[PDB]
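Before I ask anything, here is the structure I am working with.
With one protein chain held back, the other chains of the complex are shown just where they sit.
Note that the chains take the letters A, B, C and D in the order they are written out, and that residue 1 is the start of every chain.
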Amino acid sequence: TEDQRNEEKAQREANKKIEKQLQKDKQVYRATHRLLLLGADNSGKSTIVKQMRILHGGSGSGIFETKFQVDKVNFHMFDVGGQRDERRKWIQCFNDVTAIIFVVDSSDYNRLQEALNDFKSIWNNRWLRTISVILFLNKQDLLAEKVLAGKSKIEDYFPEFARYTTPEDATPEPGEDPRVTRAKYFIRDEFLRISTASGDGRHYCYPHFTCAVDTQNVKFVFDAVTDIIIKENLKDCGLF
Amino acid sequence: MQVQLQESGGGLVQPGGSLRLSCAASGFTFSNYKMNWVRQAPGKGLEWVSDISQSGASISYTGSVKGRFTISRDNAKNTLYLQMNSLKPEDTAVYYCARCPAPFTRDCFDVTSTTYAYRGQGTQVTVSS
Amino acid sequence: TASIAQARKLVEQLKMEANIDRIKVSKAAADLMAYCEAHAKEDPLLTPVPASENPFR
Amino acid sequence: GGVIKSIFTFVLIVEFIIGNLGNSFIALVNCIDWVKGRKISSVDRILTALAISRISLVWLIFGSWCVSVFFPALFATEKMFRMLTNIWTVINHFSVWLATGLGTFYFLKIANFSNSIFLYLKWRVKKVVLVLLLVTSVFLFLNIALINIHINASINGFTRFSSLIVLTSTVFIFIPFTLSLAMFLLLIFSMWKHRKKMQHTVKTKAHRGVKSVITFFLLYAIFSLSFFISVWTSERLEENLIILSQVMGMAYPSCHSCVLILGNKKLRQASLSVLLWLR
Partner (left out) sequence: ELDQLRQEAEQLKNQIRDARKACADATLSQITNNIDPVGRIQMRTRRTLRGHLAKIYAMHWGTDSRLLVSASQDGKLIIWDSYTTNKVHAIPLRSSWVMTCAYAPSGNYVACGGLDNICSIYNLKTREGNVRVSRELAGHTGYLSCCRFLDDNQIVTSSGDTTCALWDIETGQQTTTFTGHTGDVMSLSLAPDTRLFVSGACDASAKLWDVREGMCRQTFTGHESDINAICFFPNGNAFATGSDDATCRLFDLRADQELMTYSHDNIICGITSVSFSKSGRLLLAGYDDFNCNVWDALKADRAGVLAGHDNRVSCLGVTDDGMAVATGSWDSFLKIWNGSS
């Protein structure tokens, strides 16, 4: 009948409009890279969030969703803040994120085990076994001061320090003592050993020692994200 | 039945002594779970101490207890044992035995959280002199 | 006294759980069987409806 | 004369063997994946289409040489020649520009640059590949029109005409190959820049595979130029012209199938598995 045909035509027109809008949003979604910021209370996640809120015009009950452009590339960095300590079910919403930026205090020397277990859970989670993690060992200066001043000994908490030496592929900052290199790379290698002793060939860790200047921090994030997308495109194209 | 984990063995011991911890379990198939041991020193949070796989192949310990405590997993009796050796006052706490949230998986995510169902009331291991 | 309050709340919940009329599982079995049999014919997924009346064809 | 003819004939036989092997094996592994309800990615769909077109092309050349060897009479009916060149032009156009489309897919998905136009093409690689096929439809029209014009002129008036027509075909195939080579070099340059970016960022099988592929585009570059320049200048052909043109025509669909077998992870794994089962 005529009225039913008119209704069908109107519904098809609505479909065309919605499909055009959905293609536009698919374009903006493919362009945008979603990064997840994770860390503990003592980790410098809050400092990074406060910095990026105003540096990149952060949009802002506890989801800190910000969308920014760096070198014409779209990023969507977010931190789950309103949720409680349980993390095993709202983390499943982040199985498709480009990267999980992991922030570790690296100078507590006491809560490092909690950070290690958190990294274990993120890496070995069944729904995050694809997602690369950008390891951000924050507060490197504080760890340097702690090691230089002595007092507390990392051997008390982590006992493998007594049988560890700097790897030959070491990149110390120009003027800086050997002991702080040993401590810093011990932490980095603890995390890296936890990462590698698992399924490989799908997700990789990107250790980084956070420096005072945050431009290098952003540059490391950008380079790691580009690497992740390059490897993913290799996987889809089959050249891997 | 309701998932339960009852700890036992907590007691006062002089420094350098030994203690045994037992975690009777019921209501779930004990075999397919990465059982862990968590503890609460006074005025502190929940710290993970040790864990064991389904069959004991992979065991890990907190660095502070690397050479001091052992973990045994008797799948027949559905009991997890945390052998406590060479105790020092830094170890005084209430010890909770906790189960990994999901079976056949190694992602123990929420074990040290403030509230967690798959755990127990725990026993107080006092190492006062 | 927060732990005391939580304990009181949970024991109260168990108490109101106790004073609940409970019937044998066999009667629930019979009720489920009766409901399944009564509406088995009208269920399209249990017995595939003829394609003529099917709207998802 | 005779010695070069025999050598080129043996080369053609080897190319026919390797082309059938590679092309049919790509088609077979993809068909097995499809029938068994496995994952079917876009790149393997393009590989299936390219492999089918390529096996069709190599069988076409083998049939043509069979006509020119086991029945030297059908080759000169003046109408079968026209039919064969029309079918060959169509199928080879499809094969060559489907290869260029695969190159576009790889370049637009893997490579990374800050140029606005590259990004504008980057998020619609499907749009790029089908718009490219639609655009090169007009190239197909131009090639078919030129081929009919040339053969009509020949019929009105053919060794010199054959040299001219294969020269036209060589140019029409060189252009898309030039595009593919530029795209591949850009892709490798992007990977190089990224690799040293990561090396400053600290962070073997790919190197072997990459090294082999550039050997092709270095080997094909000199081989392609030699065929074009010779027909343009050297007259040591005629009967040799048929065998040499067949060699060049069969060169790409076989050795490029080998490069693709070295490229795709599924294809490489299947080749290694067939080698393991062989012994």
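Assume a residue touches a chain if its C-beta (ideal position, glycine included) is under 8 Å from a C-beta of that chain, and two chains touch if they have at least 3 such contacts.
Taking the complete complex into account, the chain left out of view touches A, B, C. Across A:6, A:95 or A:152, the single residue that touches the chain missing here is A:95.
Of the listed positions A:15, A:69 or A:152, the one in contact with the omitted chain in the full complex is A:15. Chain B meets the missing chain through residues 1-3, 27-29, 101-104, 115-118, 121.
Residues of chain C that touch the chain left out of the display are 3-4, 7-11, 13-18, 20-33, 35-36, 39-40, 42-51, 54-57. Although one chain is hidden here, its contacts on chain A can still be listed: residues 8, 11-12, 14-15, 18-19, 21-22, 25-26, 29, 61-63, 65, 80, 82-84, 86, 88-90, 93, 95-96, 126.
Convention: only the chains that are shown with their structure count from here on.
Centroids built from CA atoms put chain D at 65 Å from chain C.
Chain B meets chain A in the complex at residues 47-48, 62-64, 66-67, 101-102, 105-116. Only residues 27, 30-31, 71-72, 169, 171, 206, 220, 223-224, 226-227, 229-230, 233-234, 236-240 of chain A touch chain D when the two sit together in their complex. Interface residues of chain A facing chain B in the complex, by the touch rule stated above, are 84-88, 91, 113-114, 117, 120-121, 124-126, 156-160.
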